[PDB]
Structure formats: C-alpha cells, structure tokens
Amino acid sequence: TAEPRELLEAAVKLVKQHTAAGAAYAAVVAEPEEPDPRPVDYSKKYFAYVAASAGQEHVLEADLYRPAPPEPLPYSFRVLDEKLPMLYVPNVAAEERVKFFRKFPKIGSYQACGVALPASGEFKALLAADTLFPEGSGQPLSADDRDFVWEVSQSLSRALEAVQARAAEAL
Amino acid sequence: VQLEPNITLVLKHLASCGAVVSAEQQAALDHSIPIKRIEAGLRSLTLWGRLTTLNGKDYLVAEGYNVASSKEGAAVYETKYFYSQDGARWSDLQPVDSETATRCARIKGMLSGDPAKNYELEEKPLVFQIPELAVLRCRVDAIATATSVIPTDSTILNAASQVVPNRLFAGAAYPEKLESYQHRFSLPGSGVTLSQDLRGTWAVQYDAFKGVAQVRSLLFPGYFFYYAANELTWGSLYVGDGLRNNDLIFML
Amino acid sequence: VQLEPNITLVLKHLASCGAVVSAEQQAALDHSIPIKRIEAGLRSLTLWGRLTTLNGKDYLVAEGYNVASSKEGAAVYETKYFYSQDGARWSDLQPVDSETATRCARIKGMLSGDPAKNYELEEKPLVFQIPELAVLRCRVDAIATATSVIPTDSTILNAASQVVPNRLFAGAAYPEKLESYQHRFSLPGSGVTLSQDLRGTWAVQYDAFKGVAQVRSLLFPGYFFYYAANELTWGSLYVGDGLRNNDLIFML
Amino acid sequence: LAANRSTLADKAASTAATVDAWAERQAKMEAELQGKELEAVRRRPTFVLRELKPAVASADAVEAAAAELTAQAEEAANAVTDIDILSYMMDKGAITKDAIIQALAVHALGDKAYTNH
Amino acid sequence: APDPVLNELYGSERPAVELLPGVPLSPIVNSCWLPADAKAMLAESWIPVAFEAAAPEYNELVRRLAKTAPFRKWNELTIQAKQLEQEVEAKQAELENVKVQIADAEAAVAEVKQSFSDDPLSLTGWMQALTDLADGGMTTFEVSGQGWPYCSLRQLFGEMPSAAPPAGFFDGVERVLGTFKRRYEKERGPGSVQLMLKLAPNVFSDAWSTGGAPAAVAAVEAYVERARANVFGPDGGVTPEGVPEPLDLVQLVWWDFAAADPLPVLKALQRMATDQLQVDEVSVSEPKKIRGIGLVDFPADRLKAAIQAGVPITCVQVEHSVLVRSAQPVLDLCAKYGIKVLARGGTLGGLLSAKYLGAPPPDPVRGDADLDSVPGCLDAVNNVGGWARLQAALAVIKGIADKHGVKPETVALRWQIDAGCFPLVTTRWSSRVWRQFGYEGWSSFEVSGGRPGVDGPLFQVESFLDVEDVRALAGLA
Amino acid sequence: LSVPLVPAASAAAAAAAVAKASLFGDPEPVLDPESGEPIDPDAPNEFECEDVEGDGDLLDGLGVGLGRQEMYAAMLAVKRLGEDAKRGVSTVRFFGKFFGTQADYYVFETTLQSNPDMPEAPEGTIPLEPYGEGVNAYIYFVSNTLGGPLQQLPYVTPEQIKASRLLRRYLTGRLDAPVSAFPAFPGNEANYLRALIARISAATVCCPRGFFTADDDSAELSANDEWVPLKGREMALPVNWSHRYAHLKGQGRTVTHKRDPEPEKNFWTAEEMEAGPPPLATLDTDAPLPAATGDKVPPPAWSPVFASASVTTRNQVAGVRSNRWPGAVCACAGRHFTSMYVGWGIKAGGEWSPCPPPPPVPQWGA
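Chains as they are written, first to last, in the numbering used here: chain A, 1 to 171; chain B, 1 to 252; chain C, 1 to 252; chain D, 1 to 117; chain E, 1 to 477; chain F, 1 to 366.
Treat the hints with care, as some may be off.
Chain A stretches covered by chain E per the calculated footprint, using a threshold of three residues with CB under 8 angstroms from any CB of chain E [what the hints assert, rightly or not]: (1) 32-41; (2) 84-92.
Computed list of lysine to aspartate or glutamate pairs in EDC-like fashion (alpha-carbon distance at most 16 angstroms, straight line) [stated by the list, open to error]: (3) F:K347 - C:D247; (4) F:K79 - B:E24; (5) F:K86 - E:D206; (6) D:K97 - E:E52; (7) E:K289 - E:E221; (8) C:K117 - F:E34; (9) A:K45 - A:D63; (10) E:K39 - F:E34; (11) D:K36 - E:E446.
What the hints contain is simulated information worked out from the structure, not anything from laboratory work.
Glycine included, C-beta positions come from ideal geometry on N, C-alpha and C.
Sequences and hints are given; from them, build the entire structure.
Encoded structure:
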C-alpha cells in the first residue's frame, strides 16, 4: 500500500530487475485537461508516462495523443480501442503504428499490459517493457518474461484497486 | 523378429506366385489400412486376400484383431474382417450363422461382384435367398481355418495366458521342412505343425541361397505363405475365387 | 525388433524424400548383395548410398561389417566398403591414408564417374595426383562419421563386451524428439544422443498417426533416416554428390 | 518349471471363473426383476379395485357387480377374479379409464397428495 | 440456503450454484452419448397399435402426469380449498375464487394429459431416461458422443459437398437434447434443464484454410444460427418482444493449435456473448446470442493466452480422475482466476466398478456394453500404467467403497468433487440406466420405486472420505 | 513401453491421412440427416491434364523422382484440383516437390478460365507481366500434403526475383514464415517460393529438340506435325532438348523493359539492353558451372541419366538432369516426355556469399 506512482515505480523496478528486457516504463490513462448504464468512452484519452526504468528518464517527459484529422494512431491505443489487456509486437519494424519517443527508429520487441481494475473493468495504467537495440539487445522477449510482465500487471491491478478503495474511503 | 506382417514385403516376395494387387489399390491400401486400424481400435490389421469376381471388381479382404488368448487348448484370435472393392473405404464383413454356413457352402462358382446380389437354394420346395456377402464371409472362414500359417515357436504364452510374439525367436532350423510351420490356432509348445496335416496338401520350395521359403496350399490353391530366414520375416496372402480343390487325390 | 535394415523398406519409406534408385539397379541389388555378403564372410552388408556423377554412372556404395566392439568409450564397427556402377558387380573401396585425406577433402565438385580419373592439387610447386576412388572413400568417411544414425538403446553390450542388437528393445518413447536417436559409435548407456549435436543440424518430421519419423541431416543434405514405430524398423540412406553444406548458418 | 506352468493355468482358470460368476449374478438378478414385475402386473386389478386410495368404486358397487357376475355363472354351468369385475364395470360404464388414470396419478404423489389431515 | 431438490432427495445442505447469472449448475453433469442415431431415436414411439393393467397409460403416463407442474398445482389448490372450507362472509368469496382456480387447473391438467397422447415421443425409453436423470437433481446436459480418435474420421475430418447444409459433428445430439428440453420445459415450466453445446470446427478443412478470418467468423455465426434452430425449435427462441433468447453455453474444441489460431473464433464468440450497445440513451443495438464460452482441453497456455486476450472464459472442461492427474496446472490456474472446471474422467468410462474386479481386460472385437468405448477404455488403461495397475488400484477403491458401504463408482466421483471439479458422467440407456453410478436393475419401477439411482453421500457439503481414505487415494497415481 | 493406440497430438496427421485417402475411388453419396434424402453431388469441372502415371513410370525407370505410389496419389490430386468447380482451372501440370525443415510443398502449375486482377505496378519500379504473359503465365497452387487444401500462390514481381537471387535459404514448409531481414526480401515464404518457382521453371523445363516451331511474330510455340522421335540413349544428350520456357533476364523479366530515351549506346544500361538466347535454345548452349577445386574444366550445366547398364537393352528410356538446380530432370521415351523438380530449391555452383551492407550515403558537397 502506497501512493499509486510509488506502485508504478516498484512495478517498473521489478520488471527491470528480474526480466532481461532493456527498458521498462509505465503510463497513466489520462484525460485532456480543460482549457482556460453507459460504457466507458476511451475515445478521448491519452497516455502520460510517469515511471521509467534506470537510465531511461526522457520517457518521463513523454505523452501519447491520438491525432486529429495522416499520422498513424499509435499502436498502444489498441489496449483502449478494443480492450486488449495485453499486446506484444515481437518485431517493431513490422508495425507502422508503433512510435518512438526519441524520434529515431530502433530495433527490438515491445510489450504492453493494460492495467485494469478487476471490480469495474476499466483501464487505469499501462505497464510496458521493450528491448530496443542500443539500450538492450534487440532480440524478442521470451515467454517467461512476457508472463512475468503479465503477472506484475495483475498484481499491480490488485494493489491499485486496494489503494483506490482506501483513498476513496478517506474522503 | 517382426511384430506384424508388412504388406510391402508380402507383395514383394509373393509376386512370383502371381499374388499381386493393382497399383492404384496398392497406394489406396497404403493409406486406408492405418485409418481403419485406428478407427476400429485394433492392434493388428493386415491384408488377408483378394477374391476375383465376374464383373472385375474384386473383393479385397482385410483381417484384424486385438489380442489372442488360449482357450480350450486352442489359440483363439478374436478376429474381425472387412471388405472393400476399391482399397480406400472398408466396410464390415459380418459373421454368418451356422445354419446359413451350410447353404453358402453349397454355393459354388466365381462371385458376382455385386454386394447386393443374393443367390437362391432349394430344399424340401422351400427356397432360401443367401446374400453374396454371406458367401464371401463363409469362403474366407473356410480358407482361414484351413491355412492361417505362421512359423513354429514364433508365438509364446505370457503370464496372463495370452498368445504374444516370441521376441527371442531365433528362426526355423530347417526352413524347407513342413515341421518349421504351424497353424496360428495351435498353442505354443503343443507340437502340432503342418506335418500333422493331410499328407500332400502343402508344397514347400526353399531357396537355400537367399533363404526364402514359399509354402503353397494345394487344398486351397491360391494361398501362399513366405518366410525369409535371413531377415526373419514372414507373411501370407490369398488370391483367387475362394473355392476348395476337391479333386486333389486325382491331381497329385 | 529388426536385426538388420531391409533395403525394400528403406526404399519404400525414403522415396518421398527423393532417395530412390533405378529399377534395374533395384533388381540387381536384390541379387548382388547376398552374393557379396557371403563371399566376403560378412555378417551384415547393406546399401549405404548413391553418389551422383557427371557422366550418369552414379556410384552405389555398400557397407558391411562382422562385429562391433567397445573400445576406448566408442562402439567401433570394423566396417568394409564396396562400390559399384551397375548394381551387379561390387569392387573394393580401399581406405585412404591420413595425409591424402586432407588433399581429397580439398577437392570439391561433383565426381566425374570415371574410376580411373585422378585430380590434381598444388602445394609448396609440388603437384599431387589424387585418384577419384580416394575422393569417393573420404566423402563416404566424412558422411559416415557425421551421421550413422540408429535409435537410442537399440543396441546393448554383451558379456564379451561387444555391441549386439537389443532384442528386448521396446521402441522410442517420444519419436518426434532428437533424444530418441543417436550415433552408431556411441556406447549403449552413455547418454549421448543426437540432441548433443550442433543445434540446428538435424530436422525431424513425425507422422504421429502412422508412426513414421523421418530424420534429415541439414549439415549433409541428402542423408535421410526413417524410423517406423508400429513395426519397429529403421534405416538410413545417403543420396547426393557427397559435399558438406558449409553455408548452414546463413540458411537456417 | 512344471509348478510355474501349473500355477499359470490355475490363475487363468480363476479369471474365467470370475467372469462366469458375474454373468451368473446378472442372470439371477434379471430373473428376480422379471419375477417382481410379473407379480406387480398381476395384482393391478386387486389394487385399483380394493386398495386404491381415491376410491373409484367405494367397494359397494364392487360387490354388487360381483354378485351380478356370479349370477351368470349359474346359467353358464346349468346350460371370478377382480380383473373380470373391472371388465364388467368399465363395460357398463361404471368406471371410465380417465378416472382410473387420475386416481392412480393422485396416488403417485408421495405423502404429498391431499390425503393429509 | 440449500437447494429445494437436493435437500429433499439426499438431505443435502448444498446451496444452488450458478454457472452464469441466470443459469444454474447441477453438481454432476450428464454428458449425453446417444444409444443410436438421432434419425432413429427421433422416430421412435410409445403408442402401441377390457383392462390391460400393463399398458403405458397406467404405469408411465401416470408417473409422468403426477410430476408435472399443473397437476401438482391442482393438488395444492385442492389441499388449500379443503382448509379454506374447513375454516369458514368474505371467505366464501375466497372459496369461490379458489374454486375457479381449481377448475382452471383441472382443464390445464386435461390438456397436459392429452399432450402425451399427441406427442408420440413423450413416453419413449430415452425421454424417460433423460427425465429420470433430470429429476435426480442433475439438470445440466452436456452435448457429447463418440469422437476423436475412435469415430468415422471421414465424417469428422472429411470434406462435404457444396450442397450439404452446415452441420457440426454433434448435430444429432443437439437435435435430440433440444427435443427433450422442449418437452421437459413444456411439462414442468421454463428454466429447468441447461444444455451445454459443443462447437468443434474442421480446422483442417479446405474452406477454413482458404477463407481466413472472415470465414472463421461466418462459420461461428452459421453454427450459432443452426444451434438455435436445433435447441429452440423452429419458432421458439424469441421472447414476446423481438429480443431472442440466448443459448446457455458453447464449448470450443480445438484440434491443433499450431495449425490454426483460436483467437478469431474466440473473439467472434465473445462478440456473440455480449450485448452490443449504442448511445444517442444507451440502448442495445445487437442482443446477445450466447451467455458464456467454455474451452475443451486447452493446455494451460492457450487458456492463459485466451485470458490475456481478454475473452470471458466461463468454464474449462478437463480430464482429471483418481488415476489420471495430467491436467493439474489447468486446475491451479482456473482456481487463481475463478473459473469452473468440469472433469470428465471420473470412472474410467466404466472400468471403476465391481464387474472388472479380477476380470480380464475388455476386447474391442467382442464388445462391452458396460463401457463408453472399449478402445477409449483400453487407451485409459495404457495411460494408467497397465491392467495390473488398474486391478491393484480398483482393489483399493473397492476397499474404500466397502469401509463406508457405498458403490465404488462414488468414491471416484467424490474424489473428483473434493478437488473442486464438477464431475461429468456418461448417460446410460434402455435397461442399463443409472449404471453410470453403480445401480443395477434400476430400469424397473419395482426395484427403484421412483427413486434416483445415485448414492446420497456424493451430494453432501462434506465429503464422507476418511483421512486414511485420502492418504490411500493420494498414492494411486 | 506402454503408450495409447494413437497419441492425442495427432489430429493434424489424421486429417492429412483422411484427405489423402479420399483421393481414391468415388465419393460415397451422403444424405441429409434431418431430411433423409441424398445430397446432390457436385458437377465436375472440365479440364485437360497430362498422364501423370506414365510420367511416374518414366521417372521410376530412370531412378529419379518420388516413386510409383506417390505419383499415383499425385495423379489423383491433379484430378481433384482439375475438378473443383470453384477454382475454375482449365489446365494442370504437376510441377514437383520442395522439401522443408518442418513440412514439404507439392506444386501444381495451371491456367484458369478467367485470370484474377493484378494491381498496377507502383511507379518508380519495373512494370509487371500481366496474367498469361511471360513469368505470370501460369497460376500456381501449392499444398503440404497430396489431396490436402490447395492455396493459390500470388503473382510474382521482378523485385521479388531479383531479391531472391541473393538468398540461400532452407524452406520451412509454412507459407507465412519470415524469409530474411537482410537482404530485405519483400514478402513472406509464399513469395519466395513463387520466386524459386519462376526461376526454376525457366531454367529447367525442357522439351525434345524440334518438337515445336518458334514463331517470329510472337513467342507462341506450335508443334511441327513432322517430328521423328529419336530412339534410345540419344535423349541422354543435352543437344536434343530445347528450353520450353523463355529465358529469364537479370532484370527479373523474360522480356527486358526499355524506357523512353538518341544514340542508345550510353543511355540504356546493360541490363536494360539484354537479349537472351533465341526461342527453343538447346541445353547444349547453357552456361557451365564455375570450375571447382581439383579440376580446371567447368562442369556442364546438364548431365545424362540412363535406365540400364548395357547400351544393348531394348526399349530404354533416357533423359537429362540439371547440375545448376540439383533435383530437376527431364525424360523422354517415345513421343512421351516429362519434366519434374524434386529438391530443396537451393541453386548449386558455389557462387553465393553473404551480402554486404548497402553503401552509406555520402554528404551533399562531394
């Protein structure tokens, strides 16, 4: 039990330490700030990256918006547009929609796990790891490490649900 | 020591005896035998023979079984027979009653080749109609109880009193003598061989250089058995219309 | 459990892999192998393979031996090789020195098909003339020391410390895995199988319904091995020019 | 060696004996089942006439028809089972098949029919 | 609160459990293997062509009519009219109202009785066997039959002509169970029996491999339309409103996972198992056709992969028994994710009985009517470790069944239930009824008396097994 | 050892066996379960084929190919493909068989009653030969087992051929595996197989010399009604075999494409102005393989294959086998000839080496 950002940071540190992935990071499914039984409508949300592995701090200052009409809608939005709790691109070169944060194409595999609240079935975070070459070996991710990332995503979903319950109680 | 006769070796060794199958039927068998063997739950299934018909659609007959057991001094194989007319689709060849067995035994001539045909017999005038598949099953039963040849001491009895392959079988000492072979339904160690059969109903040709013996039935001309002694394989096949040779005393 | 590979079953199972022989050569082998096996005093003699030549007279190669013994942790087979260009008359394929082995290893290309030809090599300018049969024998030696595949635990050691067939062999538990097969020269019970070979130099295709596994060498493309598990037979054959595939890392 | 082969034959005989024993048991149980069913199918008229809980005949017209039936026996002999009684009852129309069916149905309820208090 | 039927029959404290919201799940599930072909079974009849005392009208017709809903309602209306009349101004009006109600119930009973004579299938032997199984408190029927590997493979993996209408392998079983469900719900009101269908597409066919995903979706849709036509009959399946009634559950059988990929089929099913909404008000655009999805024999990784793709997995069928414990990781996973497990091993097709004590192994040529499949049973024997091991274990199962005075075929089912599984047991038919549990001669009303032919200690909230019982059963495999 | 009768991981092999066995004989009439009436059988497709069984006889005589039983199943597979009313084939020829690390391919070369649509070549690239012309004159179907489901391969493009000329790959048997990342091949394994097909079909499919007459107004090969069949071992000579299909230029086409240029000795590049051999060039003229260590003479492009060990034997059959593409053969007995490929799809010659990186672009001011 801790602040949600502490939870995300701990998850990222775990994914980096135990998995042979090159980098791990985490974002929050944010809503656009204001200017100056219905289903969830994710059609107006974005990813705000708030935690990242050791040696990867440029990620903290990165967002991911949907374009407004042609640019490729980034790949990770499949987590939200069709509610896929897990995406795996074993070779980023084969996907157009994947987008790099340093604007320089790289080589490796990518994995995303949409963190969802079990009681409600809504996505709140996104834990990701990859092996883009210069940082970590450009090889794909074994099934063991993919499964470990999945497990960490689920444990984080649990802890996040609990912390949200406590915080909503404290009101 | 083989575990089951191989149709390729059988067709290779018994081709000199005129026991051959069509090329299309050979390929079709190579595919169809495993399918039927699996979907019937059988441990063994082989090509038993081929009976010629008047319309050119010869009956291929296959025989399978699961386990053989010793009952009442006989090695009983719970066999099941299938027939086919193209080599691709096997149908059942159902057993026949004892009363009908006599009637179909009275029917002679080459089979028609139409599984829906039925012959007629007359008795005291009560007429019976016997289906052709009944005649086929009866002829197969007669030929089977007459020959069913295996080498001597190639089988053995196990703890559960079942007849299993003798995997330490060394081979027939004298392959050119009828003592080296026996009927399948004779218990291991019973000392009953083909030499106890009616003298003159079997012929044996042994090529002592290559080591291949051929045992031909003279009572049922068309039943051939082969035994290769350098590779320790053997196997038999029937090819013909299925009628017994009753004039044997005049032909020897 | 077989006692020796059967050329008929080998040619039947490995025909899909393109490992075939001419019809005349097939008949000629059926006659010639026993003659040579007897007049050489050998217990085993089989068709090892067939090397293609530039003039159309491919070399058939046969390999025989008498007994295999365990020496220095290896199951050594005192093998003897014969060659032929028609399948009827077998000549000796004499061993080659170690010094000449390197030179013939340097000679590449498809063989000429003329046993009297000799190639030339140049060194520091000393020229050597290497007979074609020397090149043939060394290619055969290389392919043999590379593959020589048998099933695992199909052999066994006897009291005289000789490698003999394991007549109680029950079969490979998992026929689609490389652990089920081994090199011939690996001692029984040594735990060395084909999985200890360089990963990626073997391919295995297993038809789980009929029970026939095919093991292909990728390092020496042209070496095929088959294992039939319902009848417990197996056997291998080489067909091709005899050159090793050195580009394997780029082709996988 | 001789002892071992004797023992093997003995054990096979034992197995055959167990198969025969189970076959005997099944035959005997089926025999008893058929006997029970025949006994039950015989006593049906005596049940629907005498002991049927919802009375279809109240046992009085029963005896009236029994007397009128035994009456004809004298003209038959000079010139009786419950099933015959029921035949006469149904033929005259004293009992209809649907009444028998509904009464048997009410009876079929186990301790939960309206035969309470 | 215990179930109002199990508690009555076996004195069970067990509460009613649900597979999905709105669908109950009995503790044992009847895997329905047919005794003949559906075309034959659907053509049987009971109406034969001064007091017979042996007709079906006096023996089976009455034992059916007594168990109906309108007849029991009529009986309770009379039992209440008695008390209302023995209590008595306004109560006279109440009595007249009850009299009207009784007249209506009587007319309804007359009609439901005439229905038996109108439908020539209502009184057959297989309808009786299924109904008797239902009244025993097992109202969940799973479509099954003889299948891979011991069936007509040319019918399983064959290629059908173009004019052939789409029909799965288990189409006849679905037609038969649908006729039975319709009749049973006609007699005893809706929601009484729960059918679990089984979809097994020909992954290796020509159209499949040539069509891609837009064919793997049309196949699923056509199968669902066919299944609705089979279960709900021609006209049924649609509520008074335009909203159709959904099928209970669809199980997916996948032949090879490296050949083809399940995910298109699973996503199509999932789309059919959710209500597709739309907003201007949030209203339904597409009603659901399915309530849930099950997976038959997924190897603990394709199950986790289907989870990670976010499909709602309701139940997982598995083969788990006292001797066959291969599907253990699937159990450890379905526990962690809260997914019901239907085990189908149980008694090894019939080999866990007293008939096979000291017996010889069956033989597929001779035949054996006391097994589901002789080849399948011998396959199970090989997977156990032989027939000697099967004998050595059946001895222990018999000892345990004796120590507690119960059938040997209930020790195994209880060992299954103790592992969180819902046992799946094969239906027996036509004078072999209830032998699936070990009850002999139960085909006659005289030996049974109308009782269910299954031991009660199975349905208790606590297991009748001693500690040493568990210690011995945990040493078999 | 104690195993089941057949493992549970065998439904794929069982489906393959059922498909293969369904080739023989007539199909059984199936009925409608709900109705009880027999289902109407499909009307058969009208097509023309060769005699695949006789070709099997020839190749078995020579001692090359698949075997006499595989060729019968292949004949029946050709019969099945030619009879599918859906695919609408009008002519079939069994091409051959490619090995693979995990499965194998059986190939069928056909023409259709109505070709599909070919997307226009994106500009900046060599144009495409339409259906029925040059390389894309035959539509190819492929399967992993005889009688199994047939997947139509896509048309081939010059870029695919030119790119495949740089690869040395073992096939895998899966029509959608990745071929290679560098050199960048543009497609999956299906396109690489189509490329190998297009190269081999032009380098190795032959007919006996003088069997056809080449027209100079077109490329249509009509057969002279006066051609005396050569007899005996003389068909074991490459000088009597003519290339049946057009040569394949280094540009990736059978007819090289020249763009709009006035002295075209320096504008048109070499590969753009390449002219190959004339129609029906004999196998005597094909370029030999490079010399190998141990001999100075370049090995020939083709070799003879004989059906007997004595020249005196009557009714011999003979043919030639390729040395560039080990596995392809042509044979002829009388007026009956055939050509067939069985192999890995690996060109031999020792003229392959790893591709180096593309040259890094230089700066603007050079």
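Exercise. Given as covered by chain E, does the region 84-92 of chain A meet the bar of three residues or more with CB within less than 8 angstroms?
Worked result: holds (count 3)
Problem set entry | Given pair status - F:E34, C:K117, alpha carbons within 16 angstroms | Roughly 77 angstroms between the alpha carbons, so the hint for C:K117 and F:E34 is violated.
Exercise. Is the straight-line distance between the alpha-carbon of D:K97 and that of E:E52 16 angstroms or less?
Worked result: 11 angstroms, holds
Exercise. Are the Cα atoms of A:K45 and A:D63 separated by 16 angstroms or less?
Worked result: With a Cα-Cα distance of about 11 angstroms, the restraint between A:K45 and A:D63 holds, given a limit of 16 angstroms.
Exercise. Quick one, are F:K347 and C:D247 close enough, alpha carbons at most 16 angstroms?
Worked result: Holds, because 12 angstroms separates the two Cα atoms, which is no more than 16 angstroms.
Exercise. Given the hint that E:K39 pairs with F:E34, does the C-alpha gap stay at or below 16 angstroms?
Worked result: OK: E:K39 and F:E34 at ~7 angstroms, within 16 angstroms.
Exercise. Do the alpha carbons of D:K36 and E:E446 lie within 16 angstroms of each other, as the hint requires?
Worked result: Between D:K36 and E:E446 the Cα gap is close to 7 angstroms, so the pair holds against 16 angstroms.
Problem set entry | Hinted pair E:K289 and E:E221, Cα distance within 16 angstroms | Since the Cα atoms of E:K289 and E:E221 sit roughly 10 angstroms apart, the hinted pair holds (cutoff 16 angstroms).
Exercise. Taking a Cβ-Cβ distance under 8 angstroms as contact, does the region 32-41 of chain A have three or more residues in contact with chain E?
Worked result: Per the Cβ count (3), the hint holds.
Exercise. Given the proposed pairing of F:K86 with E:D206, does the C-alpha separation stay at or below 16 angstroms?
Worked result: Holds: F:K86 and E:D206 sit about 12 angstroms apart, inside 16 angstroms.
Problem set entry | Pairwise hint evaluation, B:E24 against F:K79, where the allowed Cα distance is 16 angstroms at most | Holds, at roughly 14 angstroms.
Of the hints listed earlier, the one the structure fails to meet is number 8.
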